[PDB]
Amino acid sequence: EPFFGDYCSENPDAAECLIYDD
Amino acid sequence: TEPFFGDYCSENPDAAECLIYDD
Amino acid sequence: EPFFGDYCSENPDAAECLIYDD
Amino acid sequence: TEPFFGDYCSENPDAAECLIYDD
Amino acid sequence: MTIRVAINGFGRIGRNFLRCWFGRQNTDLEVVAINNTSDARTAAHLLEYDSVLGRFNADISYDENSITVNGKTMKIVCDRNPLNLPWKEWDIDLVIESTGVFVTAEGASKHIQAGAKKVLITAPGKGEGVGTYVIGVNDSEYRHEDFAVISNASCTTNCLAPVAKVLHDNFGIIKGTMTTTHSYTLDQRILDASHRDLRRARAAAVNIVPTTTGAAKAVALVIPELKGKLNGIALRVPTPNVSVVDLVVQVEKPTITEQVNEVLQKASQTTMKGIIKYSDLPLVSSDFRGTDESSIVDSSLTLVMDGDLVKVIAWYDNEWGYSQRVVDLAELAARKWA
Amino acid sequence: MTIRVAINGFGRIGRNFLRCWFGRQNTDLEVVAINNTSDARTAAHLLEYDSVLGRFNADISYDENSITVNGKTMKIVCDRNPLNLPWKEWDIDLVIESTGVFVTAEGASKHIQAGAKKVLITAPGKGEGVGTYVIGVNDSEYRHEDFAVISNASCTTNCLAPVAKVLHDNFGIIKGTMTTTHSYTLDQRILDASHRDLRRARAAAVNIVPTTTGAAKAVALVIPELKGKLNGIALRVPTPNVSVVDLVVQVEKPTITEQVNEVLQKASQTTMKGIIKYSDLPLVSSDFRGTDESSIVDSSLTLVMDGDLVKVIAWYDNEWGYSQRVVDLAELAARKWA
Amino acid sequence: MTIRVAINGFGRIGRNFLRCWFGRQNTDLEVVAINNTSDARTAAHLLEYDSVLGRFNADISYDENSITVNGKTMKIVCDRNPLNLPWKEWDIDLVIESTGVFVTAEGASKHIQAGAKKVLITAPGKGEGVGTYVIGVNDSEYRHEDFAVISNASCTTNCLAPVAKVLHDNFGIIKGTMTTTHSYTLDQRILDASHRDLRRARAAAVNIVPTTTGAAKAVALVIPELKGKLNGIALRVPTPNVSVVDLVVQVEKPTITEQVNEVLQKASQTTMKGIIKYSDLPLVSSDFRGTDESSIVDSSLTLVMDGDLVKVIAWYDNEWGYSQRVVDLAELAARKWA
Amino acid sequence: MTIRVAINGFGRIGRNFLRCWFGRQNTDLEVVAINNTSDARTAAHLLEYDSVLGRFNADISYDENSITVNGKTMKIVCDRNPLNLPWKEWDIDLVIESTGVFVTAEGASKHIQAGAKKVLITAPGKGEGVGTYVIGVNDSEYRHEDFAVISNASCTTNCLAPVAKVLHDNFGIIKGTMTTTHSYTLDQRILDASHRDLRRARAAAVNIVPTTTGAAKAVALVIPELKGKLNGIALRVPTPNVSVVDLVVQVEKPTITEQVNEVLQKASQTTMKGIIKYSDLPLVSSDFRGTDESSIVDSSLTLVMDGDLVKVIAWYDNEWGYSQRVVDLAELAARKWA
Ligand SMILES: NC(=O)c1ccc[n+]([C@@H]2O[C@H](COP(=O)([O-])OP(=O)(O)OC[C@H]3O[C@@H](n4cnc5c(N)ncnc54)[C@H](O)[C@@H]3O)[C@@H](O)[C@H]2O)c1
Ligand SMILES: NC(=O)c1ccc[n+]([C@@H]2O[C@H](COP(=O)([O-])OP(=O)(O)OC[C@H]3O[C@@H](n4cnc5c(N)ncnc54)[C@H](O)[C@@H]3O)[C@@H](O)[C@H]2O)c1
Ligand SMILES: NC(=O)c1ccc[n+]([C@@H]2O[C@H](COP(=O)([O-])OP(=O)(O)OC[C@H]3O[C@@H](n4cnc5c(N)ncnc54)[C@H](O)[C@@H]3O)[C@@H](O)[C@H]2O)c1
Ligand SMILES: NC(=O)c1ccc[n+]([C@@H]2O[C@H](COP(=O)([O-])OP(=O)(O)OC[C@H]3O[C@@H](n4cnc5c(N)ncnc54)[C@H](O)[C@@H]3O)[C@@H](O)[C@H]2O)c1
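Protein chains in written order, with this note's numbering: chain H, 1 to 22; chain B, 1001 to 1023; chain E, 2001 to 2022; chain L, 3001 to 3023; chain X, 4001 to 4338; chain D, 5001 to 5338; chain Z, 6001 to 6338; chain R, 7001 to 7338.
Bound-form chain H, shown alone:
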């Protein structure tokens, strides 16, 4: 959310913001 919130909003399939409701 500091970093991830956005990067993840921009490269959202990137190896690091990948959440599968398990």
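In case anyone wonders, no lab produced these hints; they're calculated from the structure.
Just so you know, not all the hints are guaranteed correct.
To be verified - Dumping the calculated EDC-like pairs for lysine to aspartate or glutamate here, alpha-carbon to alpha-carbon at most 16 Å: (1) D:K5217 with X:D4306; (2) Z:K6227 with R:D7306; (3) R:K7266 with R:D7280; (4) R:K7253 with R:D7308; (5) Z:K6075 with Z:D6063; (6) Z:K6217 with R:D7306; (7) D:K5118 with D:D5091; (8) R:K7175 with Z:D6079; (9) R:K7217 with Z:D6306; (10) R:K7227 with R:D7169; (11) X:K4217 with D:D5306; (12) X:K4175 with D:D5308; (13) Z:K6110 with Z:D6063; (14) Z:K6175 with Z:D6308; (15) D:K5126 with E:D2021; (16) X:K4273 with X:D4328; (17) D:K5336 with D:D5139; (18) X:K4175 with D:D5306; (19) R:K7175 with Z:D6306; (20) R:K7227 with Z:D6306; (21) D:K5175 with X:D4306; (22) D:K5118 with D:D5028; (23) D:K5217 with E:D2021; (24) D:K5227 with X:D4306; (25) X:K4110 with X:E4089; (26) D:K5175 with D:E5252; (27) R:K7277 with R:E7262; (28) Z:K6253 with Z:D6308; (29) D:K5175 with X:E4252; (30) Z:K6175 with R:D7308; (31) X:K4227 with D:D5306; (32) Z:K6175 with R:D7306; (33) D:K5175 with X:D4308; (34) X:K4118 with X:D4093; (35) D:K5266 with D:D5280; (36) X:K4336 with X:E4141; (37) D:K5336 with D:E5064.
Said to hold, decoys possible - Far from chain R by the CB rule (all over 10 Å, computed), these chain D residues: (38) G5054; (39) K5217; (40) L5283.
C-beta: ideal position from N, C-alpha, C; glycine also.
Given chain H, work out where chains B, E, L, X, D, Z and R with the ligands should sit, using these hints.
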């Protein structure tokens, strides 16, 4: 074999796809 | 226990008789 | 140096403290 | 009949799905193209070869833009912004959303946009605007015209589902708790490297991993009567498939052990014949691979305390059992695709 | 001081109990004898290079009939029959029962009939007349006089008990149930192989193996107000070490997470000092190796239902975690010996 | 004709074989009794449940003291002692030695002492007086009037040998080595436990544990022309199956990489068809599950180094496969009987 | 003089660097800021709790703009592109390039044209114009005014080198090859998913992936004379850490193992005193964790063939035995700056 993994691996190589560690 | 009740009896430290109540 | 595993591996040659599969 | 289908997300619910469809002796949809961050060669290989579901038995091949199985050559793609996916141009009535990214309502639509007609969410659906349907539980009320943006919820939510239901029916549920042990899924890291959910960052393979779930508050969607009554969690252990669910439910209509399992066998055949498999045998993981049912009660484990506090364990093949609850929902379409 | 102790079975825990003692400040126990289904090299070069503990930073020698950690020597005995074990002859107060086998009350007595003057078992104690005791539970309800045979319960329970305790001397547990998603042990075959339990038969570093457990029901046997209020289940999974419990419980006074959390907080700080850890972080299992607690709360994952129905989760090093708990039981019997 | 067989060692490999038979088109055999250290609920099971392989296609039934299998039903007897075995009294002709313990003729007599009239070992010969075959090397110097004490030696050597074949042929091995990378085997231990080989004593899932092997020079016994000319070693790894031989060997009629990797194109489909395969593909251990060939060559890897240095890699499924090198053999005796 | 250091990509290679250096008695550098794709919230973490390196014992805390490690503070940034990087404006003498992409001879100089005096690399140096150095090999040939773009090199080449070097001088290599069973790195998917090496696409936890390398031609360098003499490859496997290398080298000078290992035990008090180690013991991967060494040898396993064939084996912590040659090399530069 670069229709892909290369024109795409030129661009985002942090990727789940392109990471080569010459190990 | 048509084979176990004894085999484990007479050989309790048997790989196949060991029981760890975790 | 087998000061225990001759005797034991002579009565139980299949107790896991003993096995050898020669791959 | 023959409605046109394609896949953004040929990865896991991808192949499973398809290997699953080409594996129906009577099937409603024609999957026509697949868009995948791989090339053709590749998507070819992986459909074919699997470390979990072994190999595929089918005549396979490809060129530089298509992949051929038994006959059906399908089209391999390479684009990221789904808008830039040639939907319109190929009368793609139906879109498969198995990238694990476009699980936004908003992320769903960019298929309609580019030019598609209906898109399917193989996972829980985010925010307002999506029909969330669990096969054999509320699929009762699928109507094409309802929502064009639909979800199949989670591997796990599926399990929770039928059981939740039959629980509601025969003894009905006050409130409970949920605890899935789950097998690692590619959103984790092999070994430690960055990740926004800091458990998900930890080496999947060697490490019990605990993560959020709402896949249990993923109930109400399918059960009106169960609004935030049973919150769960999950833990991500070292095996690459096949997972089991741990329910725990203070029921109101007082009850005993084997009378519960009674019902599971009643339902096991009654309503759910093909939804829940019913299992007294003494089994572990590698016994539910290749498995079609969804919820799969380990009976010889159920455990009613003080008549009220039921506890029931439940299996499922997370990959596969789902890649059928899709190809079932997926079929459901072509039969009201009005 | 010096009461004199011998360790039956140099087993995992049994070496783990050693590394645990040794590295302690002080003691009234003297690890003086140690008998295995092995020879002294084999048992020597195992106290050192250990899979999950890492190599012991230590000065370890060995002769053909005993070893020496830090020039302090204890004994090597090759013989299985606990009777045919020189206990009066070697002048032995106490015995660590870590064979994983002699865990009854009768068989068990076999160190007592050997000449050892008291029996301490690294396992739930099966049968009549035994004083299983849980540090920071009834740790204080122990009189040297009572039982000849005491056990320090099981991996799980020593983690499960110092928890339920708190929950009850607080909120009041009505009912319950449990499951420990647990690290795999040696009562499992590396491959599907012949076994009493068709699950333990089944290959371990690949599977998810429900095993019935009593680590639950047996919490009656230390917190009396509990008798048969708890019954758990045990999923077993390819981590070699560590585990955590899915405890759920009804109550008759209502509340919510914060209270719950904070009540442990205190406990991790006051009541259960040294017994319970507390965790406000996103951790994972191999983070909790080495842990000298028996119950690591992870409030993170704590939940609460309809105010009255609860569910907690604690990690516990199945291995080293426990083995401590014993130096905590052995010690007692030393500082009250007669 | 069509003779009778026994299975002595109904463990991992034991069953493999069994299924190996029950698959086949044609049979010169009929099994009817396995000696195991288990019970028959048990025998049935691991036959029909299997991490590696998977449940059996069949109606499968057991009873107190035997199982039936799609008709063809086999008798179940529990004897650690081979000499108290009912062979003469059941006229068992051939026995499969798959407890993996009576390697030496010594233990191979005690069944013939027991009335059966020949015996095949699923493991190396030990001491002298024992026969040795591998299809392809010398499937041919077969004569019934030689020994009733025979083995395929070991898994490993099924790979080494068929391969080693052509290699002396078309190049004339002077000398080499080889490292056999290799998933684990029921001889290790899940967790650190005692054992004679200290390597084989430590948790087999979480370490590359090295072990010492005869599959080496002991391949000079189907082509003595490699009389202590190979050798090499064994490296075990965390798979529960499939494995591969890292061979290297000098030459005096030299080569390029595609030279031999072309040689192995020939033998594949000819001299060695059914005893070797030929994947050039991008593959891993899991794909080779269930592969009947004794050796499988991943082309990609085959290499040179100034013509003479040669290196090749051979996947064997040491479990399943090794059996079809056996099942086969069982049917070289049954066929050539007197 | 302190040369002031920045770290690009806080990877495995990049977090271990930090722990090792941050460990030693007397250090010549000064770590100042690190460029991962990750807040400081997360980097604290993955440094603080390694899945493998176990708790890290130290005073670590984070703000929004740096991590603090026992007293000292370094700034953290999120920039993918090197050029945006505020290096000159941070008096950054040396950066570490270990995101493993800017492993180019070129691109990695984007670092410089972003301020930095010299830039280090942690993989091979592909493309022309780049320094590679095997600490304790050619390390003797170090020239600040030679390259600005160095390289420690593959986790396997640093294991390799301090081996072949040694043999090439004692006996002398004609030619060889190698292979290494390998810890499973971060570049091959946790499961079967898209990728550019069809094998890596495959789930390293559940398989055995062999892959190409230039870790050998790699030796054909810092050892000039081994020019296009040794090649081969390696297989990766479900052990998250420490790999291990089987070397197969001809020679021009015959020997016997018992001496081969003696010369080696030699370079384990001399020329490589702290480069190579030594087990007369019988160990297994997990035994070589935290091991500050480039090449571990098992004397025993070692084996001669005729005199002119040498099988040689070397362990190694791929993650750490390397992050101490980097550290080493780093501090090297730092001492011969200008
Ligand atoms: N056990 C299970 O696998 C399970 C259970 C429930 C749900 N799911 C669902 O699986 C879905 C996908 O994850 P997965 O299981 O398929 O693992 P996965 O990685 O195999 O699926 C991801 C695939 O999609 C590809 N991809 C991602 N984004 C793309 C894009 N924008 N364009 C083209 N291709 C793209 C990836 O390269 C990969 O091939 C998730 O959304 C999750 O909800 C899985
Ligand atoms: N991680 C754990 O092991 C763990 C955790 C909690 C509780 N426990 C308790 O640990 C006990 C053992 O666990 P473990 O890890 O030590 O397994 P283990 O195999 O390492 O302990 C078995 C040891 O006991 C020895 N043994 C068995 N019978 C013997 C006999 N008659 N004479 C001499 N030696 C004999 C064997 O040689 C073996 O080395 C179990 O009963 C369980 O209740 C273990
Ligand atoms: N990697 C492989 O799977 C492989 C390949 C080739 C050869 N082998 C050889 O196969 C043999 C057995 O190995 P396995 O893989 O089948 O393991 P396994 O332990 O599963 O098979 C042995 C079975 O024999 C039974 N048994 C044990 N002791 C017995 C006894 N004294 N009398 C009667 N029955 C007994 C047990 O039920 C056990 O399950 C070994 O000699 C091994 O070297 C194994
Ligand atoms: N055993 C080994 O892992 C090993 C051995 C020898 C050499 N190497 C080399 O080490 C190098 C690093 O390997 P690793 O283990 O650190 O992989 P890693 O992923 O664990 O570390 C890489 C880190 O850099 C981050 N990163 C990615 N892209 C970035 C960018 N554009 N800008 C800034 N940061 C970015 C990643 O997210 C990750 O946290 C690799 O190139 C590898 O070939 C590794």
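Exercise. What are the numbers of the hints the structure violates, in ascending order?
Worked result: 8, 13, 37, 38 and 40
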